[PDB]
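One chain follows as structure tokens, the form deposited without the named molecule.
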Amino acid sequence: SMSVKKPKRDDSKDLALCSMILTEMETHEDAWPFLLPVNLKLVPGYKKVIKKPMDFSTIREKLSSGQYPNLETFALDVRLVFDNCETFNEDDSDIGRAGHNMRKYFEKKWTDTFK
């Protein structure tokens, strides 16, 4: 509360460390469904159904331009990419499986880097 603060967690490396995670997600062999925004002209149903599209290239641009206020807003966008994927793709599809695999990969890196 006023003039009463928990000890200051060092967040000075968060930007660099989120960048490194995002690099590792970008280079994973199963990243291909997530590298670029879904083409809303060419994928029937996506625009109406998926209210907040997100992809790795959009996260990279947001990260690089100071549009993440903190490491949690960064994780929220990464998770959004996988939540969108689960919303639109059957679990038993190449893209559906890709999304599960990447979410697992992310969550481990996240825990190991920050928890």
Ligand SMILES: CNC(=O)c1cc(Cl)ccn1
The other form holds:
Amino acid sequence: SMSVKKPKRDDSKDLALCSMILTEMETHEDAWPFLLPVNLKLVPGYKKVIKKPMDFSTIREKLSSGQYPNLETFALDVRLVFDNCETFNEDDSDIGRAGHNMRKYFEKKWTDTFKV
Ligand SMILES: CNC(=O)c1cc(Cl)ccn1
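Structure of the form deposited with the named molecule bound (previous: the form deposited without the named molecule):
In what comes next, the whole complex appears, and the chain from above leads the way.
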């Protein structure tokens, strides 16, 4: 509270670390459904069903232009990508399984990087 400071982590490497993690996502072989925005004019139903589209290149642009206040908002966008994927794609589809794979890959990188 006011004048009662909570010890907080050193965040100075966060930006660099998130860029690193995002580069690893982008270079993963199953990243292909997520590299670019879904083409809302070629994909039937997506615009109406998915209220907040997100993709890696958009995350990269936001990361590169100071649009993430902190680690957590970055992680929210990454998770949104896989959340949208699950919403729209069958689990037993190539894109659906890509999503589950990429999510798992992210969470491991995330844990390995930031959680002790
Ligand atoms: C993340 N990409 C998708 O969810 C998607 C799904 C379909 Cl069917 C076509 C293009 N993109």
